[PDB]
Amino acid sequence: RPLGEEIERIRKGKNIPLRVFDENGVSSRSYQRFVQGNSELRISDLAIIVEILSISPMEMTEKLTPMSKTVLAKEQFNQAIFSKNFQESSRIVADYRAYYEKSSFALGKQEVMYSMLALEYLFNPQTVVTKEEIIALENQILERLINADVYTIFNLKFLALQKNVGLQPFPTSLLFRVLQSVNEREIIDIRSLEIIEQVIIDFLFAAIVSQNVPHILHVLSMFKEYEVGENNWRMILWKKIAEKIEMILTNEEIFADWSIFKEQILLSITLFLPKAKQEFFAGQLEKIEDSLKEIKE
């Protein structure tokens, strides 16, 4: 659902007549054509309209989400793979590949291409997508990342997908760079938070499992810098888990303390998790505990 339409919906739903736009110096005519599709609209005018309709800033940026050929093809593709419709998903990747190779370069297009290849490869038992294609494209995107000095949340999406695909080693130092860049601002979008939270939890888990103590400490320090709201109880808990690990690695606490902690957790997660998720979480804790025990040899 397009922006013009959405604004018309708020405007009629809030009984604001067209005259008000004109009183605020936004031509109603140009506006009518904005909702209609016969004209564009400057962002300054949109700002005036959102104050008129008492729309919130996030409420506004949320609608700015474009709808290109790429965006459309990618939502069709996602709905195809998630509904297990693999004929559609295959045909959409082939079409999109042709469009991608003939049209103009865009990073958003590149990341969508990679994403289609990756998901087709991971979920379609009869995909024709090859590991070679995936790796060629992967290496283009990784090289852009290496040479970049600014990162955004879609770069982090790309790294989580690359790690799930598992065709090449995961670039660790690069993950640090991406996290640092993305986290220089306060993250306000719950979908980005979901991605970041999952990446850091997995990152901490993989680090413990490696038993590389300088690396574990590095990950731990990133984790202690990562800010979580007081109402984000799950991340509050992972911060406490990371802190307990830090205290055992540095001989500030002993395994008895860890066990007391772990038992408390295991009794609490009944309230928040389905029992499947519960068993997984416990499994993670046992693996952490084992790696820790082995580190303290």
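Only residues modelled in both forms are compared. Throughout, rigid core stands for the largest set of C-alpha atoms superposing within 1.5 Å between the two forms. Numbering follows the first chain given and starts at 1. Compared with the form deposited in another entry:
Shift analysis on the rigid core between the two forms singles out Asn38 from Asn38, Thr65, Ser44, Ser56 (C-alpha displacement of 2 Å or more). Regions that shift between the two forms, defined as runs of three or more consecutive residues whose CA atoms all move by 2 angstroms or more after core superposition, comprise 36-38, 60-64.
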The other form holds:
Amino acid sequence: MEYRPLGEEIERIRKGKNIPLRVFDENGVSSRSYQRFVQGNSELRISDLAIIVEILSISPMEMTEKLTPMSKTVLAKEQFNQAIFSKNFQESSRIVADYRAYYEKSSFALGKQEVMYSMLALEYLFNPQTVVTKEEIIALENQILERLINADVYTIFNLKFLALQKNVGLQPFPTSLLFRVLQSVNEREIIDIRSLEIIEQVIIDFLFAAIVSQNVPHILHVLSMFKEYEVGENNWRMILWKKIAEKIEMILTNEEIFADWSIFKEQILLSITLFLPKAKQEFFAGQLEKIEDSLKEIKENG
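Complement to the form deposited in one PDB entry: the form deposited in another entry:
Keep in mind that what follows is only the chain, not its partners or any molecules around it.
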């Protein structure tokens, strides 16, 4: 049984904090069942675990990659991810074939479906002698897309799916769907740094692409969404993007002049020397230039 990361980590805390097993029994929790849980044996109940994190004064958020369970799907995706990274492709293609069989015989699970698509997509993108076909990707893509369209709630993995779908680019990107996914995901407070990083990059890229497209109604739609996106006080990068978005709206609606844009852009270009290495600096600068050019064209061509 795989919840071993969690049990091992709880063990590490308990022992590091000098808490003897008897305390668990004094609180209504079988030290035996707990021990069997640490190993690879029997099954703990959530209420037991909650009593344990209160005993050990653990914040549950604190448990990070320890809250994720180590199922066949999760382990498979871990292997395939590192394999693809290190470019050891014989492994990646064999993990794919194995998982294809497992999935086709397994009970239905959205996680399994999503990981299945992920494996096919990354194979198609990175293994130059891949067996997986465009057609297999598209059929599975359309199943996931159909569920997304008919759904009323979205989670972070639906956003990852859309990002991956844009990179695969075998079918046009569902922009309207991106709006709905962003809205449902950002209804809750995101506390996963990894999720925040995905959401931020998607929003920055979405606004940049909207601008270069010079489609004003769409740019305004993206800006209106960015207006509702909540940014923490300490998230200076996102604060700055919010300020850029604000200044862009004024320019688009004729309520700011390009001389003011120019002053603002120069301030930014100076300030990012504090925060960014040189390559990131020039990439950012280039983004500002292309945005400036797009706006010049929009306002010249009315």
